[PDB]
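Asks: Spelled out, the chains give:
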Amino acid sequence: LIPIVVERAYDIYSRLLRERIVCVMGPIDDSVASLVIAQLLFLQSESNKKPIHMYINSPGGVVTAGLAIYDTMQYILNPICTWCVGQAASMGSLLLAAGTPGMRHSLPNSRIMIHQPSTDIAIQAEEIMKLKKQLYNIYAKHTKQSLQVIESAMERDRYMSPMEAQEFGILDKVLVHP
Amino acid sequence: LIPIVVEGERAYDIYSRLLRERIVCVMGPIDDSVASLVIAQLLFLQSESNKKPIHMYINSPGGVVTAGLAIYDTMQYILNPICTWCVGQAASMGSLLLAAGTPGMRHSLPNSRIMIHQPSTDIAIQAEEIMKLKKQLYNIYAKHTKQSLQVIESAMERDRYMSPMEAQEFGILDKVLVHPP
Amino acid sequence: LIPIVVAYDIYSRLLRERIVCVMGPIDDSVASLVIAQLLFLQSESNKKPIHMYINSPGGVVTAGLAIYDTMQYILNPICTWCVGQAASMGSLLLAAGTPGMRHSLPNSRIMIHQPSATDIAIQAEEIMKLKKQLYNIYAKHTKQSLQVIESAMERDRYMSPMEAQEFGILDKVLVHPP
Amino acid sequence: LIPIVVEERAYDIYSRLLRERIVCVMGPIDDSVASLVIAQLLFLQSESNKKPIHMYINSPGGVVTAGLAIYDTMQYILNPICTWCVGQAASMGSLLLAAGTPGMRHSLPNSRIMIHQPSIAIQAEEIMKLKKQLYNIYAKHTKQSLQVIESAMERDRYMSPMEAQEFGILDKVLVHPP
Amino acid sequence: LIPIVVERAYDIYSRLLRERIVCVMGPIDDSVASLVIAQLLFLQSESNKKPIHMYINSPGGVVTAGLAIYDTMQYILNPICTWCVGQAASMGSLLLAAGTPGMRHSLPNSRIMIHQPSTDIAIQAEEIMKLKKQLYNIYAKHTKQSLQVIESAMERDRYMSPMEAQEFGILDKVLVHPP
Amino acid sequence: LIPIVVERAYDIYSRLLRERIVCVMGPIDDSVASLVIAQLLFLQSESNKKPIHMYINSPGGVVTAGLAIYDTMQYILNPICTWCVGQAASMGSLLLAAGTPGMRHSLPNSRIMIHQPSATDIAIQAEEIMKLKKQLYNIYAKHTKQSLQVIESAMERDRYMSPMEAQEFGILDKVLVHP
Amino acid sequence: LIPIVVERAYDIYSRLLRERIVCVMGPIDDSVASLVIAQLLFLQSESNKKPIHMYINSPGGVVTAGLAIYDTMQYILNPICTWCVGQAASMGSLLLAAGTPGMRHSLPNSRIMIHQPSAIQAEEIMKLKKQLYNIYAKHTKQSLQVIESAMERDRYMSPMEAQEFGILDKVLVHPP
Amino acid sequence: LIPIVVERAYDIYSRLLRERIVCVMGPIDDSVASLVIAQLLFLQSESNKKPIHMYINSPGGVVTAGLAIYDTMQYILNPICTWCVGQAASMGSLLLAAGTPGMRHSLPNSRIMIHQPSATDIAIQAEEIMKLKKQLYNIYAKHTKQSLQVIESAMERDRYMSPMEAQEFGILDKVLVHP
Amino acid sequence: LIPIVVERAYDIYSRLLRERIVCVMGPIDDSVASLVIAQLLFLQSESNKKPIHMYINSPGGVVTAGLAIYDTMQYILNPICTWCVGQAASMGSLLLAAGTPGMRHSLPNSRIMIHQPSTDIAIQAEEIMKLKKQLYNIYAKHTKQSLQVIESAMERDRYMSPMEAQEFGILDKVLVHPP
Ligand SMILES: N#Cc1cccc(CN2CCc3ncn(Cc4ccc(Cl)cc4)c(=O)c3C2)c1
Ligand SMILES: N#Cc1cccc(CN2CCc3ncn(Cc4ccc(Cl)cc4)c(=O)c3C2)c1
Ligand SMILES: N#Cc1cccc(CN2CCc3ncn(Cc4ccc(Cl)cc4)c(=O)c3C2)c1
Ligand SMILES: N#Cc1cccc(CN2CCc3ncn(Cc4ccc(Cl)cc4)c(=O)c3C2)c1
Ligand SMILES: N#Cc1cccc(CN2CCc3ncn(Cc4ccc(Cl)cc4)c(=O)c3C2)c1
Ligand SMILES: N#Cc1cccc(CN2CCc3ncn(Cc4ccc(Cl)cc4)c(=O)c3C2)c1
Ligand SMILES: N#Cc1cccc(CN2CCc3ncn(Cc4ccc(Cl)cc4)c(=O)c3C2)c1
Ligand SMILES: N#Cc1cccc(CN2CCc3ncn(Cc4ccc(Cl)cc4)c(=O)c3C2)c1
Ligand SMILES: N#Cc1cccc(CN2CCc3ncn(Cc4ccc(Cl)cc4)c(=O)c3C2)c1
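Chains as they are written, first to last, in my numbering: chain V, 466 to 643; chain U, 37 to 217; chain L, 5 to 182; chain R, 10 to 187; chain D, 23 to 201; chain B, 792 to 970; chain A, 659 to 834; chain S, 792 to 970; chain C, 23 to 201.
If you are wondering where the hints come from, they were derived from the structure by calculation, not from laboratory data. Among the hints, a few may not be true.
Calculated cross-link-like contacts (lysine-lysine; reagent style DSSO-like; alpha-carbon spacing at most 30 Å) [claimed, not checked]: (1) L:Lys52 with A:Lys828; (2) S:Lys965 with S:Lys841; (3) S:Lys936 with C:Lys72; (4) S:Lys924 with C:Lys152; (5) D:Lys195 with D:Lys71; (6) V:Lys638 with V:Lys515; (7) S:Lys925 with R:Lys141; (8) S:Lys965 with C:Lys155; (9) A:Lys796 with A:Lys785; (10) V:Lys609 with V:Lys638; (11) V:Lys609 with A:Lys785; (12) B:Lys840 with B:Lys922; (13) U:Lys182 with V:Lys638; (14) S:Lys922 with U:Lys211; (15) R:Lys140 with L:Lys133; (16) U:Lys171 with L:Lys136; (17) V:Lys597 with V:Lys638; (18) D:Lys166 with D:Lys152; (19) L:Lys52 with R:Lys181; (20) V:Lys638 with U:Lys87; (21) A:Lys828 with A:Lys708; (22) D:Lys72 with R:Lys138; (23) S:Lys965 with C:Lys152; (24) R:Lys141 with D:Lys71; (25) V:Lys515 with U:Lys182; (26) A:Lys787 with L:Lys176; (27) D:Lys154 with B:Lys965; (28) A:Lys799 with A:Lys785; (29) S:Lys841 with U:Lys211; (30) V:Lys597 with A:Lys785; (31) S:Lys965 with R:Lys138.
With the hints as extra help, turn the sequences into a complete structure.
Replies: See the structure below:
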């Protein structure tokens, strides 16, 4: 299914990694996180300082899996450029807003949602709400919107255009080309 | 069961071989995974030459809409000119990726069937958020075909396929070819 | 299993009290049975009040709008009652009972937000048409404006009966018979 | 669990509907539904060939041949036939609607009404043969030209009552009788 | 769910049988045959000479199953009126054509097919042909058409209008209201 | 839906039993055998002289279960008339073949096979499949009067007999169009 | 599977309703709540002052369903004797402890749990859990904080414990 | 398991591609169309004069997908030789019928049908099924030289042609036993 | 899991092909045919005149699929030795009998069936007979038996010993060790 590019040969995904590109496409579960995180770990390995690019077209995922990616971004020292294409919904839009500031881009026609929809083992009512609070905090930190504003907004079941998402605090740039 | 071809000497699979020739295939229904794979091919073919044209082959009935836009956006983005080709069919997102190639490089072979009507995706979605997305498609189709909104709107209301000649005359493609020009 | 009272089954017996039961989700068949029950009671009496027990989590919008239209149609007074919850189409029925006769028991949940009608596949321009009808019905029956209804229906949340009372969905909140 | 009403004599509420001359057409039209309606239509005629029959329609359509039998049986019998659309009348379901007796086709306010067809294995010529029957059937009862019909039925959309009235599917859009 | 209608009170399919109406709706199988034949052997007993009506709407079914329903229709003394609503394809149409001459009917918007599609066991290739040739001879007989004409026309994968059905030999009248 | 006929209330399958008609529509498993044997004994209790009628239209069934019915037939005293409509295949045609002599009928278009098809109540050894097969030979040869080597080579051929071919072989006695 | 008893011919469940015994066997989904509420309003119509006996052997259920059985209980004029056999887990022990004071019972070897077992939002899901905290408080006469910490243990208490904690009043083995 | 042949290592399906043999075993869906079109272009890149060989043995497939291949065939410059073994049914026989003239072969025992069977990439309206059917007429009439009314009544009949009957109709040119 | 054996090193099915052994194990379908034919068209190319060996153990398969494998065996110039181990029923036996005269073999404990059981589409009744008659003519040809003898004997649902197979015309030798 997946083609080979050539100089001296890799496959095209291995090839995107040689360009320091971690894809996060589709739903976020523990494996995807385990996979993204090894790549982030590998790239900082290669340079403490060279930026990393994180292409994000996801529709959500397991919160605890999403959070180990947030945490790892925060852990590594590289500048981290995050790219949303197609959509970044729920956990993905958190990952998207967690990029290095002034490096969170969205392509022109994407859709962005922070509304949580609806986790591994089932959990108690208080343990979900403790989790939701962690998301509030992460979103307030990265958008500079107040706690109250993050909450009142995650209550609406809607999407933002990249420009709304830019002016809320999730994106900095919105493109068309370089 | 994918064949191998040889060409010192080197051996590719035949799909990897089509990518040397700068051809990205969009055959089949479009989802996030396809779009991931198409984008990768598109950004590589640019990094090997951002002026050398990329050819995209579109034989598709549709797909996730957001995943469809993700391609159209990577389309508009890259410096390369893009030659679109429609064999078989191009419906919904297929006709959008078809009509979203470089002006005057948009092709159908003769017996193809084109539809811009959308079928009645991804996770479940509020009413307004749908009409949001619909209106985007209304603007993209307008942009490239050079038709008006009310025209594109009334056109996508009809549940029908059009002929490469008819699609041309509408603004979806530019040439309809039988043999190598 | 359903039981027998004295010579009647218990649900058929509830019908003798002019109690029509909208339990569970609302599909074309539940609509057919309800409307059949509402027409019947009216032929019994034009003016004798009819009681509609609503504990529904929502349903098919076109199935619902029909039960709504019948309620409008029959000359009877209708007392709606909400127990357990009245979500999506169900709250729309609750709100549509006769003014001053929309009740709710104390621990219910009421949600007018719509979920993520379902009969055949349908176009964006049609799904919006529907929502706009819900906006009218709801705004018509809550003395709120389209502006107020469209916003509230955007929040993905439930209302307490006293909150649902102060908005316009229901009139009373009983604990015992008044 | 279909309820029981007593008049004196024990009747299930759908039995009771049919002792009011009300044939229901809930839900999708298939062969068994067709057989079942055709039986009630013939019954009620034997009963009386002058007393009108009320045909209740909340159908997203169904099998084309089966719809045609219910159509022809209507046309066959002598009774005035009132049609009532409540909820939705789509595809074949709205042929049965507009196939009612002139002056006697009704719909309630919040219905939807679609004549676009959806999409016993059939060839290509036979699909067009059937559609060409529908065209004709719709063209007769609306009084629209075959041309005005064919255009309409390729638009993928629903009508309000008042459209479907401006067009020849209904005659009346009621909200309450006298 | 089957309604009741009303002395005495019957479910609407039972009351139809009271009017001497046997129904053949949908795919014909061994059960639909044993139940038809029960209904046919019963109406003969209540009157050897009173007409029965078979309401056919059916896309065919098992070949042997429909022959049983045929063989009984030919055994019993009753005149048999056949009515076609909806469709009558495959074996269904054989039963349509197998009514008493001049009492085979269709309603106006019906579709009729004698083509067979592509049977209770699995059987060799010789036996399928036997079955087919059994149908040629039956269709030949009631249409009064030749073997070759029946044979050429069951080749064509199409449906007849109630009119060309009438012209062919499959039915005798197409009605729009009572006469 | 099974309709109701009136005189008392009577579902049509019971109404047939009041006529002394035992049905063998469908395949043969232990339950059909049980439900048939019970009607055979019931009617004989009723009267050990009045004929019983077995309507057979069967693709076959469990060999032992269909043996159980043959053994009940031979045990009851009644004249038994067997009628084949549709088809009587394997165990079905054995039952057909075991009416009492001169009373075994088919209809014209019916089909009849005594080939055993390649089921079982519990998997069994090879000798035990022959022990059964040989019983079905010996049973068949008795009621056809044909020899074993004429029954054996017969059941080898994986084909269907016309009823007239079944009349000549000894499987039946009358092949009738009308009563 | 459901036998008949003669009187004058009821199935034995219809017979238990004639004795004013409403059964809440099973998990609690909306149809059970629809059914229970139907019986409670009926027994009230017959004599709004005769007691009703609610039998309870349930592992839990759809929270809002149980809250409709709850709400109905509190609504009707009639005393309600709640009787736990087998177990009253989650919403079950809610209904159990929501009987008329003094009339909340358990046969000896019952198991009682007020821990909730582990689709909507998180703020909603808490809004519900806080409803349960109050209701359990209201009837056990334990304090909010104590109910919260209580319900936090995944445990099952004995009919004696359940009594001490305020969930039931009488642990009995034979009649009086 | 697909074996490996030696000269370099070569799986046998690639070894056929080195001979310029594109296979169309199996039914036709978008992926077969994609995987065939890629081999057609590959070989033409190789040489726009050398003949290509299409081995067809297909029960049919998605009409649009099989159109995509016909359009690729007509676009490439190469002499295309089509060989039918086993069968070429519906869309398969269209491809068969569209080799370049005088180079369309069958083997002796092969079977050939241009009946369209009663699939699809997304459910479609009725007019759109005719828009396709009429394309398949016009395509067929071109490569057989037969008229439309001779193609139309042809494809009605739900049968198979012998290869010699296919040679005479215009679907092929050679019917050969050995090379 | 397939073993490797050993210069160069092959998987054991690849190494068998090196010995010019094509295998036909199990049910024959369009793929097994396109893969056999690849293996057959390849061994002809490496030598038009060197013998190929087809190892047949198979209970038959699709009828058209096996004809394709036949049609190629008749096309290629190669002498073809056929070996039967296990069983060779239905189309398998046709391929067994379709080897070069005097090079058709079986091992001693094999079972052989020419009876066909009870095919890539669904097809009418006329086409199944066409297929069957195509098999009569093929079996007639290689056994040198008459049409009627082939016809009578495919009626019998049985299996031949490798000896009576040899006597009939299906094979030429039964071996116990190398000669
Ligand atoms: N879950 C997890 C996880 C996530 C973030 C950070 C860490 C910390 N750990 C501690 C151990 C460690 N040891 C070596 N390296 C260098 C390296 C990494 C990957 C590659 Cl491929 C090559 C070299 C580390 O980065 C870390 C980070 C854990
Ligand atoms: N979804 C997505 C997406 C779509 C369009 C543009 C971008 C932006 N990205 C950011 C980082 C980046 N880094 C390297 N290149 C060159 C290159 C890429 C892949 C290969 Cl194999 C070889 C070279 C880029 O083009 C970009 C553009 C994101
Ligand atoms: N979908 C539908 C639908 C919904 C509401 C109203 C109507 C209009 N219809 C038309 C015919 C009719 N005929 C008799 N009655 C009296 C009656 C009905 C049922 C019973 Cl059991 C007893 C008495 C009517 O109320 C109506 C109203 C249609
Ligand atoms: N498919 C079908 C079908 C559709 C329309 C008309 C007919 C004609 N049939 C034939 C025989 C017949 N016999 C009696 N009646 C009166 C009656 C009917 C049902 C009941 Cl319960 C009671 C009385 C008839 O109307 C007809 C008309 C067939
Ligand atoms: N398969 C079958 C089958 C079809 C047609 C005729 C027969 C022959 N049989 C034999 C025995 C018999 N016994 C009584 N009757 C009268 C009767 C039947 C049923 C009822 Cl409810 C009422 C009266 C018969 O007509 C026959 C005809 C078999
Ligand atoms: N398998 C079985 C089986 C087959 C043949 C014979 C028997 C013997 N048995 C013994 C017990 C018995 N007792 C009463 N009767 C008369 C009767 C039967 C059924 C009904 Cl409904 C009414 C009356 C008997 O005929 C027998 C026959 C068993
Ligand atoms: N969810 C629900 C629900 C819960 C509590 C109260 C109510 C209010 N309603 C109003 C209508 C009504 N009408 C008659 N009765 C007496 C009665 C009830 C059932 C039977 Cl079988 C027999 C008599 C009532 O108790 C009520 C209570 C709704
Ligand atoms: N569906 C499809 C399709 C069908 C017919 C024509 C085309 C046009 N395209 C345009 C791009 C292109 N670019 C290079 N080549 C040479 C080549 C092709 C494949 C390989 Cl492996 C090696 C070399 C082309 O032939 C084409 C044809 C598309
Ligand atoms: N179904 C099929 C089929 C079966 C037998 C013969 C043919 C006809 N074809 C046409 C083209 C062709 N081209 C090359 N060769 C030589 C060769 C083939 C494969 C390999 Cl691996 C090596 C050499 C041919 O034999 C043929 C015969 C079709």
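Asks: Does the structure keep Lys965 (chain S) and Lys155 (chain C) at a Cα separation of 30 Å or less?
Replies: holds, 23 Å
Asks: Regarding the pair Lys52 (chain L) and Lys181 (chain R), is the alpha-carbon distance no greater than 30 Å?
Replies: Measuring from Cα to Cα gives roughly 28 Å; hence the hint holds.
Asks: Are the Cα positions of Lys965 (chain S) and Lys841 (chain S) separated by 30 Å at most?
Replies: holds, 20 Å
Asks: Taking only the CA atoms, is the gap from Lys799 (chain A) to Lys785 (chain A) under or equal to 30 Å?
Replies: Roughly 21 Å between the alpha carbons, so the hint for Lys799 (chain A) and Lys785 (chain A) holds.
Asks: Verify the proposed pairing of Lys141 (chain R) with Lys71 (chain D), using a straight-line Cα cut of 30 Å.
Replies: violated, 42 Å
Asks: Run the distance test for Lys965 (chain S) versus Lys138 (chain R): straight-line Cα separation, threshold 30 Å.
Replies: violated, 39 Å
Asks: Sort out whether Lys211 (chain U) lies within 30 Å of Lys841 (chain S), counting only the CA atoms.
Replies: holds, 28 Å
Asks: With a cut-off of 30 Å on the C-alpha distance, tell me whether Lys515 (chain V) and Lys182 (chain U) pass.
Replies: Cα-Cα ~43 Å, so violated.
Asks: Is the straight-line distance between the alpha-carbon of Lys52 (chain L) and that of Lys828 (chain A) 30 Å or less?
Replies: Violated - the C-alpha atoms of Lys828 (chain A) and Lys52 (chain L) are around 45 Å apart, more than 30 Å.
Asks: Given the proposed pairing of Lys140 (chain R) with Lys133 (chain L), does the C-alpha separation stay at or below 30 Å?
Replies: holds, 27 Å
Asks: Decide if the proposed pair is consistent with the structure: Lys638 (chain V) and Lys87 (chain U), CA atoms, cutoff 30 Å inclusive.
Replies: The given pair, whose Cα atoms are some 25 Å apart, holds under the 30 Å limit.
Asks: Hey, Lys828 (chain A) versus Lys708 (chain A), does the alpha-carbon distance stay inside 30 Å?
Replies: holds, 20 Å
Comparing the model with each earlier hint shows violations of hints 1, 3, 12, 22, 24, 25, 31; every other hint is respected.
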